[PDB]
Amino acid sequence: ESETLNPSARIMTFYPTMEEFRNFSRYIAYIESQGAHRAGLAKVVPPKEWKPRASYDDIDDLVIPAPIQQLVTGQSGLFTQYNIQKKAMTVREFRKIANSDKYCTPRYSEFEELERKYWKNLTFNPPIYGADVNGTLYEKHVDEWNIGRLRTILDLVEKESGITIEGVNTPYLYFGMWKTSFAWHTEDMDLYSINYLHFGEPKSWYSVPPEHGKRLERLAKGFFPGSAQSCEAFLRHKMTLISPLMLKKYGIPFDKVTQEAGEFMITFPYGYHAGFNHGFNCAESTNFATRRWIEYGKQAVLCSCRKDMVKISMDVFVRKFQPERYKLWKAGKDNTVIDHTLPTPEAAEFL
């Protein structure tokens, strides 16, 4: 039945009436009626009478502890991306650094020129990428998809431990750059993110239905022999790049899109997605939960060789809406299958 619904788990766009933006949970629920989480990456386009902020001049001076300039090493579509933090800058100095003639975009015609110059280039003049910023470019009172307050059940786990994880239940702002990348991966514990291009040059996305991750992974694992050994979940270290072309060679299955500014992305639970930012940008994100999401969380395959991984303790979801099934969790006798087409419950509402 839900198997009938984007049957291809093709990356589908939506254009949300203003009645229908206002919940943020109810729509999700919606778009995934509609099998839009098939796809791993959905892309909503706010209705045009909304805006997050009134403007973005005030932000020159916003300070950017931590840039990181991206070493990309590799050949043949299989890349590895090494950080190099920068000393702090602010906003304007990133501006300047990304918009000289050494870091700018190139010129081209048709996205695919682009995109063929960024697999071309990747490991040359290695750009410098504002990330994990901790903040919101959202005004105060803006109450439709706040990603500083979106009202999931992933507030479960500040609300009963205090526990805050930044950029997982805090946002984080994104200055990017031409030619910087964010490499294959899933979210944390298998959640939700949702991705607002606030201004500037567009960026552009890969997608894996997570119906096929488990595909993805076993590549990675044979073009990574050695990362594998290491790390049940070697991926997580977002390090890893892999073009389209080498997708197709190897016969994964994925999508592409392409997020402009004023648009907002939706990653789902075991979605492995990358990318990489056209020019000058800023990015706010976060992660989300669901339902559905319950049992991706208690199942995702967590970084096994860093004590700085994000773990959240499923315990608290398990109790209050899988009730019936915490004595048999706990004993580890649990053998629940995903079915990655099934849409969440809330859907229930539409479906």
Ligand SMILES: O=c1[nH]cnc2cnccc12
Contents of the next structure:
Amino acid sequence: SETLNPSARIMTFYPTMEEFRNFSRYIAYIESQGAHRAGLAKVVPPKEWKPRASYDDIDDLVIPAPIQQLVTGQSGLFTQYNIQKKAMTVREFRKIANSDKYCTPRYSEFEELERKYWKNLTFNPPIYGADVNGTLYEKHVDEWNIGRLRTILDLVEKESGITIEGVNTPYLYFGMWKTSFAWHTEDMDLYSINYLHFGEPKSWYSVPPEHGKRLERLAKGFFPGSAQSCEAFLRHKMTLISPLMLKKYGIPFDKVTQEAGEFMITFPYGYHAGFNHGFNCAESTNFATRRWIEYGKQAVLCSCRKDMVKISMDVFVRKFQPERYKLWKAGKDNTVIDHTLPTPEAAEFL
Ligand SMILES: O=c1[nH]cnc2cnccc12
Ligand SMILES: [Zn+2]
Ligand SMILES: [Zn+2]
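Form solved in complex with 3H-pyrido[3,4-d]pyrimidin-4-one (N5J) structure, per the form solved without 3H-pyrido[3,4-d]pyrimidin-4-one (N5J) context:
Following is the full complex, with the preceding chain placed first.
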């Protein structure tokens, strides 16, 4: 496991239509390749696959709570205050996105736009049409349908009947230039899938899960007051740390640009942050494999109740780890997670 992807670099995959039909099996395959080590992987779907005929019929879709993204800070360290604005349509949002005030600046290469984002992120706050409940997939699409992934995370809805927005349901993100997401891991340290439906690119930064604690120690040192108030303040999704800051403090990280028509997979305990190049739309949700159960059992949650997502691990432990159930309920489960190990389902490829 330590031999595959030794630098824990972001990997890209090009499945065929046959390989694209079994979602869970393909995630097992990419892990057998060492993809998970980076904490982020890109999946380019087969040319024949399309989740919708066109996007010219969504102008009247309402973004109920758009957020103005105010950033405070300096020297590569920032706090993001996401201000709720009144509801707007996709057409109203696209008009603001493409206006002279908010449009993407003229640039040659990504590195120019990236330098531009870190120089100007505290000025002219943009509007992010983020966390919109909904899907852009046509009803008949069976392959990589974010609405219905059919992973083991489905036990939460199957056994209890409870739905957690964006976690076991899809979220839509309407972006504009300079909109962004703060460093974070998923709720319960779950996996996530992100499909960029259309528009301008979305740039990502990732820290390998095996270096995740180094990012946490850096954050705690910089924000001691926040660290004193909450056990996992990064779950508030307010902390921005520049790649230059990470480089200076020796935090290993990688960066990738996602283009329209591509999927991004985040792995358990894979910290990620990023920004939108301009007007776009992405669909997202969380999912699980057998490997996540131990991450969910060990996840450190927000203790100040600013973040409320908590999944009971009991059903997963009883069903997939019965030999460990009594030891775990007694608080005697001393399992140490090896972040390099692929999911057990990967066995057929190894
Ligand atoms: O594209 C994103 N927008 C907002 N939040 C996110 C969280 N994780 C991944 C991607 C995004
Ligand atoms: Zn995320
Ligand atoms: Zn908290």
